[PDB]
Each structure stands twice: as structure tokens, then as C-alpha cells.
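Rather than the whole complex, this shows some of its chains in their spots.
The first chain written gets the first letter, and so on, giving A and B; residue counts start at 1 in each chain.
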Amino acid sequence: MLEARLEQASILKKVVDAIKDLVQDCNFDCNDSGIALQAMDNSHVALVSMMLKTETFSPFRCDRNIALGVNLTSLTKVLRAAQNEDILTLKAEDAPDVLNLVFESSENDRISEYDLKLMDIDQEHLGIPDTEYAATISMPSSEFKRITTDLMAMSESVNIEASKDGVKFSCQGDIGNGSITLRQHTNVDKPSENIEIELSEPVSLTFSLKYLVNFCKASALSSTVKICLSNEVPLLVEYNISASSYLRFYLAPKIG
Amino acid sequence: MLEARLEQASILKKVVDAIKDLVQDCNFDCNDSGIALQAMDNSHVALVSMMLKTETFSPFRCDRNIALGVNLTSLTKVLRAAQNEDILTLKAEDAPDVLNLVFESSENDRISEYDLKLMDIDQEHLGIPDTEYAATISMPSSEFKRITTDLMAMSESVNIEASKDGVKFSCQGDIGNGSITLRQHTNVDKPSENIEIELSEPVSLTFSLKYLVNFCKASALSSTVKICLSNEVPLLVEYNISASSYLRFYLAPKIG
């Protein structure tokens, strides 16, 4: 059976909010190692890859594998009834018809309990191979959110060009051409504002801004976002929820 | 004639906002004792009962009975032009065609004056008899607002079960079953957060969440809300605006 406690419901609330606009029906794959999610968005363009590792929970138990077929709009209805600082416990039996969710107030000793009906969802689960990326940009998540948000108003597409010195986001639109250039930047007393760029080779590729804006709905999960460009494989946009757990989005560059 | 001063327009603004989504056309019944309102909602399901007692005003005058036939969307248009800390004065002559409203700024000596046209509205005014309730729950208004709001997303109905120890809100929905359980709770240094439950006998009854959400639009009038359950008479949900005045909502439980 499954039994998993988060100290703050916050983490799960943020996770689901970061996925639900891309994916409606998906499985949460529970086992020894934690709770994973792997699903394409509804248009079958982007791949969503979540791993909530056992260390993120406190405590965590999952004896046998359990696939929790969940509608995310249904789960969002439940999770909105959890406050961010509620102690959250997930429970599910072997061959579950429901996922049991318990939210416990910190002070006033309110206890909320929901039995969310599960459904039969077919898994796809593509193989995510190991990869050495051409360029990796680490920057504040709010800045990447603003960039994609600003350019989206102007264009459907953004060219991302990585160099040793910096990274340039470029687009052409009906109103004109635009670009936003960031270069490596370090603040001793505000290291959270740092922009760090590691380059093994030049990479200049074009991506859907609409998908990038949706990826930036994970901005609440982490202060920093890792943008990983490759000339061979899809872009990886990574939010590390903790030392262990991550929410990842994969997006292929646009090819004629 | 009528002449009634509130120190802060706030009280009246909050009152009307707490009623206008339920009732459009209603009478304000003015006399010696203050200003009352008694009207069913537009679907004729819930009863709204307001009493602004003479002690709430400063000063208060009403020589003879005057029924002020008012459209609440029209009055809302006027009251939005009063700031919360405006000194508010209501005036009306015998056999009035208009209600006169005067809002006086605290500092900058702005004076606003409106003559709201009255209309012919037929009164119903049901007899509200005296009643010994099976269970009375006193809790913070924000908590009851959150509860009803959260469950509304999931269900049209909520079962409220009162015991000595606690109170359970339960519902069944398309997405599953849910419940929120509160028990008696007292904080010495934050007594405003206290949950107090007085029970003469067990009561478990089902009510419309949509009506309860609308009742919770009075949450600004008082930090505390009194929920009064009976096996004989409709539920009473009470907001005490001051020691004297109250806004009350009555709702019959659902019966097959």
C-alpha cells in the first residue's frame, strides 16, 4: 500500500498547478523510489517528467507498484481545499479505486479528508535516455517567466542562442523584431539572482513560446530554472523542487 | 421623518454587499427601533433578516414608520461612491419618493449627496418565531467561507453533522467523497480563532452549498459566524455586526 506525508501541502499544490494546463489524464507511478509522473501534453508536443523522490516525503511507504490514474482538474479541486502549510498525507491500497488525501491544519486542528476516484489511464512512458547537453543556462525562474511572457505577446516563436558569454532570445513578429540578451552575472550578496552559462558548443534553436509560457507555470516550485539546450535531443527545462525531486519539461526545436 | 448617522459608511456598504446577490428588490423598514430588512432570495429558498438597531446609529431618529422600497443594485451604485471611513447619513421624509444619502469625507471635506428614487415593493414579512436550536457552532467567518467555498467546487450539497466534540461537513461529488471535520478549539492568546460547539441533541442535515457560499458574503461584517442547526426549523447562519445589530440567513435542510 501507499502512505506518503509531505510537511507542507504546498509542494503538491504547486506541482499539480504546474502540469494541469498541459495534461488532464495521467498516472502517478508509485514505488520504492517515490512518486513519478511521465506524460505528453494534450497536443502531444511536450513531455512532462516529474519525480517526487522518497526523501521529499516524511515518512514514505510504498511496498508494491501502484499506478494512480488521476484527472488533474479533479485533483486540483481537492488540493485547493488544502492550505499551503497543511500536513498532507496520501494513501492508497493495492489495486486502488480511490486515492485518499488527508490535510491537517497546523493550529486549529481542522482535518480534511477526500477519497478521489481513480480511473483507467493507459501509460505511454517513453524512454528518457541519459544526455550531454551543448549548453546549460541556470537563471532565476521569475526572469525566464517574464522573458517568455513578454515575447509571447509579440511572437509564437523564440530563437534561443547560447554562447560562453551569454544567451540571446530572439523573435520576429507582425509588429517587428525583438531580442533579449542575458550574459553571465554573479552577485556575491544575492547569489539567487545569478545567471550561469556553461557551453560545450554553440547552439541556436527555435521553440514554441506558448509551450515555454506553460513550462513557466512551475516557477513557484524553485527560485532557479535550468535551461538545457542540445543540437541532438529536445530542450530540457528543469525546476528542482528540492535536492531530490524535480519537475522537467521536454520540447523539440522547430524544424522545417 | 428618518434621519440616521453611521460613523463609518463601511457597515452599510458591507451589509448591502452581503444581500444584493440574493435579493434585488426589498424594503428597509424604519421605525423607533432602527432599520430592518426581511426578504426571501429571488428563487424563494432562503430568508434574509437584517436588523440595524437604533444603538448602531449615532444619532438615530424615526418618528413614524417608513418603508423604503429599494433596488439593491441601484443602492450599490450609490454606496460604492461612499468610502469606508465616510460619515454616512440617511434621510427620508414621510411618504418618501427618495432616500437621501450623504457621505462626508474625514479629512478633505468632500461631501457627496444622492437622492435615490424609491419604488413600490410589496412586503411579505413572514413570522420569525422564537427557537431552541439542537446545536450551535460558533467559529471564525473566514473558516466557514473557506469550507463552503472549497466543498462547492466539488458538490452542490453539504451534510452538516454536529456532536459535542465536533462538527463534520460532508459531501459526495462526481470526483469523489469529501469531508472537513472541526472540533472544539480554544486559544488563550488568539480567542478570535476559537471554535465553540454547544449541543442539546445530535443533528445531521443536508443544505445547498450555493446558498451557504452566498451567506458567506457577509463574512466582512463579523470575525465570528454562528451556525445554528435544528431538527425542526431551518438552519440559521448569523453574523452579529455589533452588540445590537445582526444579519441573519435562514435555509431549510434538503428533504426528499
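Following the convention adopted for this analysis, contacts are C-beta pairs under 8 Å (C-beta built on N, C-alpha and C of every residue); 3 or more make two chains touch, one makes a residue touch a chain.
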Exercise. In total, how many copies belong to the whole complex of which 2 are placed?
Worked result: 3
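By definition in this document, only the chains that are shown with their structure count from here on.
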Seminar exercise, completed: Listed in rising order, chain A residues that touch chain B in their complex are 71, 74, 77-78, 80-81, 98, 107-117
Problem set entry | Sites on chain B touched by chain A in the complex | 143, 150-151, 153-154, 175-183, 185, 187, 193, 195
